[PDB]
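Colleague: Turn these sequences into a full structure, and let the hints steer you where they fit.
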Amino acid sequence: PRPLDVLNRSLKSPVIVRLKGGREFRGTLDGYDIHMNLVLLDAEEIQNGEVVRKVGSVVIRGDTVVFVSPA
Amino acid sequence: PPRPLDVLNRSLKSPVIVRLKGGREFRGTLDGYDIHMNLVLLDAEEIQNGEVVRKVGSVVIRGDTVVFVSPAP
Amino acid sequence: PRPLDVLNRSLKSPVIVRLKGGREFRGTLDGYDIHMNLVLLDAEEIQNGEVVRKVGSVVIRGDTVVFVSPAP
Amino acid sequence: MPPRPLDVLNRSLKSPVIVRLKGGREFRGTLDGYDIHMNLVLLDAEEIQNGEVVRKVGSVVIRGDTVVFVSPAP
Amino acid sequence: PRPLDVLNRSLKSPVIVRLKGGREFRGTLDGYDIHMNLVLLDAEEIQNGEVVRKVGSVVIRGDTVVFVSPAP
Amino acid sequence: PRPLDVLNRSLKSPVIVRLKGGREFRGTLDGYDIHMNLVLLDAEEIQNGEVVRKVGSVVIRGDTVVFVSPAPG
Amino acid sequence: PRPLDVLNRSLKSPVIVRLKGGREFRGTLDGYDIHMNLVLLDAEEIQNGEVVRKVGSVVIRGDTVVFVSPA
Ligand SMILES: O=c1ccn([C@@H]2O[C@H](CO)[C@@H](O)[C@H]2O)c(=O)[nH]1
Ligand SMILES: O=c1ccn([C@@H]2O[C@H](CO)[C@@H](O)[C@H]2O)c(=O)[nH]1
Ligand SMILES: O=c1ccn([C@@H]2O[C@H](CO)[C@@H](O)[C@H]2O)c(=O)[nH]1
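Residue numbers (full-length UniProt numbering), protein chains in the order written: chain D, 3 to 73; chain E, 2 to 74; chain C, 3 to 74; chain V, 1 to 74; chain A, 3 to 74; chain Z, 3 to 75; chain S, 3 to 73.
No wet-lab data here; the hints were simulated from the structure.
Worth double-checking, as some hints may not be accurate.
Stated by the list, open to error - Quick list of in silico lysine-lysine cross-link-like pairs, DSS-like style, CA-CA up to 27 Å:
| id | chain 1 | residue 1 | chain 2 | residue 2 |
| --- | --- | --- | --- | --- |
| 1 | E | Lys14 | E | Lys56 |
| 2 | S | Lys22 | Z | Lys22 |
| 3 | V | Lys14 | V | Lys56 |
| 4 | C | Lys22 | S | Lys22 |
| 5 | D | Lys22 | C | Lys56 |
| 6 | Z | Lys56 | S | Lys56 |
| 7 | E | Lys22 | D | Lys22 |
| 8 | A | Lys22 | Z | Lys22 |
| 9 | Z | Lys56 | Z | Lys14 |
| 10 | C | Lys56 | D | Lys14 |
| 11 | Z | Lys56 | Z | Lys22 |
| 12 | D | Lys56 | E | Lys22 |
| 13 | C | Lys22 | C | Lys56 |
| 14 | V | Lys56 | V | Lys22 |
| 15 | Z | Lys56 | S | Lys22 |
| 16 | D | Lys22 | D | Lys56 |
| 17 | E | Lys22 | E | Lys56 |
| 18 | E | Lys56 | D | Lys56 |
| 19 | S | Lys22 | S | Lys56 |
| 20 | E | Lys14 | D | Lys56 |
| 21 | V | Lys22 | D | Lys22 |
| 22 | E | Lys22 | S | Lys22 |
| 23 | V | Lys56 | E | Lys56 |
| 24 | S | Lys56 | A | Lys14 |
| 25 | V | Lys22 | E | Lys56 |
| 26 | S | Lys56 | S | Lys14 |
| 27 | A | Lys56 | A | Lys14 |
| 28 | S | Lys56 | A | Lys56 |
| 29 | Z | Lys56 | S | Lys14 |
| 30 | D | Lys22 | Z | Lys22 |
| 31 | D | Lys22 | C | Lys22 |
| 32 | A | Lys56 | C | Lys22 |
Modeller: Now the structure itself:
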């Protein structure tokens, strides 16, 4: 298929997003686009196992993503 | 289905926190934005892992610098 | 053979992907695209040539990739 | 219920501004112009590293790429 | 007198591909495209004189390449 | 598109260029182009304010530039 | 008065290429393109001032160039 297809197959389901530099985000994938900018709902920022803050929602720049996976 | 830029829009005039590469944060009112994700914040504060470094009437942030944007309160 | 061509010749077969900084993955190449983003089913993250974890599947930003090679 | 990023930049032509470059340094000068890329031109400006003035220049042309943020300095 | 041309005049011949970071690859140039992505057959990964891997073939993102040269 | 104009107003006049990282150049601006690649004549590589080496001319990649500023002195 | 024109005025002549990261290249400029990719003939990879390697020729990714100079 197309990687963007699998992304769409994950809408409304939980996911794990990895970022350059080390940090991770966990939550519900709401939307996305050709830049791979992502939108998460009810998410936690994670650094080396420990949470570093919760957020009602976030908009991440695709240019910061390494990979995304379902949980 | 809901898209990134859309959510930004749904947040114009309200307060937001902008993360940046390196670690410096910003808190202010999202005034505007363009397609390359540049941002415009009014009455914002630069945040150094905790404390406040500077306060500005307004600020024009390069999109290429942002890591994420989150609605505050 | 075109770079993108050789990749296609591997759809469904196992592969190893190496990202900038070390992180290596091992799984089935499900799909790809222009930019070179990749989708991998049933795969394991491997920085140190061993096994560090597993993930039903993953979508990788082509920007992150260094190389892709068929896992004999 | 207005703006755009490039607009606010225009709304500062001829006024003093603070420019934050990637790395750490900064520039303080009169915003003379800009463009799509977001390249900037500054007049009678100073380079500043962690507080100290490192050099004064008649004017400077800053590659958009280098910029982190621009703000009007009141 | 055309970087990509030189690359072409080496298909099927042995080459040295230097990546960013320090690592290297020695193998047979198979394919290539506009971006400068490469395809190598029967290659070995090299880090400061030592072989860290042998592979049937590899697809290298142009983005990673520092340089490519022929080896008699 | 005014920055590119300023560069033009300096063609043949001396200038100082700074590249991402730290290296600085001083010489006569000869040419330039959309991308911001530059051509300098009789230039010198610099640190701490003065001379460190010389080159009849150099072609810098716009991708490497941080800033250019006209400088007789 | 155009960068790419100066390169061309150096075809078949010795040049020095400085790449990000530190290392340099010395050799005869053979070719180049819009991406400023370069081709060198009979070149040496110099590091910290020591000849670190000789090659019959190299194709240097433009993206890795800092600057090119004659003589
Ligand atoms: O003179 C130029 C040419 C390009 N760019 C911008 O720099 C980036 C490429 O490094 C692109 O966003 C491009 O728009 C500039 O800032 N100035
Ligand atoms: O010869 C070139 C080609 C591109 N670029 C710049 O590098 C950016 C991305 O590498 C391009 O958008 C362009 O602004 C250069 O500096 N020199
Ligand atoms: O074969 C290629 C393809 C792209 N680039 C340039 O390298 C940069 C990659 O970020 C971009 O400016 C692009 O124009 C090259 O140097 N060579």
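Colleague: Take the hints in turn and mark each one as holding or not.
Modeller: Quick rundown of the hints versus the structure:
Distance hint between E/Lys14 and E/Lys56 is fulfilled; the C-alpha atoms sit about 18 Å from each other, no more than 27 Å. Under the criterion of a C-alpha separation no larger than 27 Å, the hint pairing S/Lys22 with Z/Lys22 is consistent with the structure, at around 10 Å. About 18 Å separates the Cα atoms of V/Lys14 and V/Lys56, which keeps this hinted pair within 27 Å; it holds. Of the supplied pair hints, the one linking C/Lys22 and S/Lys22 holds, its CA atoms being roughly 17 Å apart against a limit of 27 Å.
Proximity of D/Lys22 to C/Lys56 is assessed by CA-CA distance (about 20 Å); at most 27 Å being required, the pair is judged to hold. Distance check on the hinted pair: Z/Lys56 and S/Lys56 sit about 25 Å apart at the alpha-carbon level, within 27 Å; holds. With a C-alpha separation of about 10 Å, the suggested pair E/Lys22 and D/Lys22 falls inside the 27 Å cut-off, and the hint holds. Our distance criterion of 27 Å between C-alpha atoms is met by A/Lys22 and Z/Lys22, whose separation comes to about 18 Å.
Taking the CA atoms of Z/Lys56 and Z/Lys14, the gap is near 18 Å; set against the 27 Å cutoff, the hint holds. As the CA atoms of C/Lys56 and D/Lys14 are separated by approximately 22 Å, the hinted pair is consistent with the 27 Å bound. Restraint check: the Cα-Cα separation between Z/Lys56 and Z/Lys22 comes to about 20 Å, which is no more than 27 Å; the hinted pair holds. For the hint linking D/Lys56 to E/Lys22, the alpha-carbon distance of about 19 Å falls within 27 Å, and the restraint holds.
Taking the CA atoms of C/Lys22 and C/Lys56, the gap is about 19 Å. The hint holds against a cut of 27 Å. Taken as a hint, the V/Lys56 and V/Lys22 pair is honoured in the structure, with Cα atoms around 19 Å apart against an allowance of 27 Å. Distance hint between Z/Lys56 and S/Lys22 is fulfilled; the C-alpha atoms sit about 19 Å from each other, no more than 27 Å. Proposed proximity of D/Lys22 and D/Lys56 is supported: the alpha carbons are some 19 Å apart, at most 27 Å.
Among the hinted pairs, E/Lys22 with E/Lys56 is consistent with the structure: their alpha-carbon atoms are about 19 Å apart, no more than 27 Å. A threshold of 27 Å between alpha carbons decides the hint, and for E/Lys56 with D/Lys56 the separation of about 25 Å falls inside it, so the pair holds. Straight-line distance between C-alpha atoms of S/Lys22 and S/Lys56 comes to about 19 Å, which keeps the hinted pair within the 27 Å bound. Under the criterion of a C-alpha separation no larger than 27 Å, the hint pairing E/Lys14 with D/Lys56 is consistent with the structure, at around 22 Å.
Using a Cα cut-off of 27 Å, the hinted pair V/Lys22 and D/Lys22 holds, with the two alpha carbons roughly 17 Å apart. Only pairs whose Cα atoms come within 27 Å are accepted, and E/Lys22 paired with S/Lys22 is accepted, the gap being roughly 22 Å. About 25 Å separates the Cα atoms of V/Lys56 and E/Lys56, which keeps this hinted pair within 27 Å; it holds. Distance restraint check for S/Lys56 and A/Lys14: the Cα-Cα separation of roughly 22 Å lies within the 27 Å cut-off, and the hinted pair is therefore satisfied.
Restraint check for V/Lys22 and E/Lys56: satisfied, since their Cα atoms lie roughly 19 Å apart, inside the 27 Å limit. This hinted pair checks out: S/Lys56 and S/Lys14 have alpha carbons roughly 18 Å apart, not beyond 27 Å. A threshold of 27 Å between alpha carbons decides the hint, and for A/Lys56 with A/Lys14 the separation of about 18 Å falls inside it, so the pair holds. Taking the CA atoms of S/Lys56 and A/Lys56, the gap is near 25 Å; set against the 27 Å cutoff, the hint holds.
Taken as a hint, the Z/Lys56 and S/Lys14 pair is honoured in the structure, with Cα atoms around 22 Å apart against an allowance of 27 Å. Restraint check: the Cα-Cα separation between D/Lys22 and Z/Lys22 comes to about 21 Å, which is no more than 27 Å; the hinted pair holds. With a CA separation close to 10 Å, the supplied pair D/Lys22 and C/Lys22 stays within the 27 Å bound. For the hint linking A/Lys56 to C/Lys22, the alpha-carbon distance of about 19 Å falls within 27 Å, and the restraint holds.
When each numbered hint is compared with the structure, no violation occurs for any of them.
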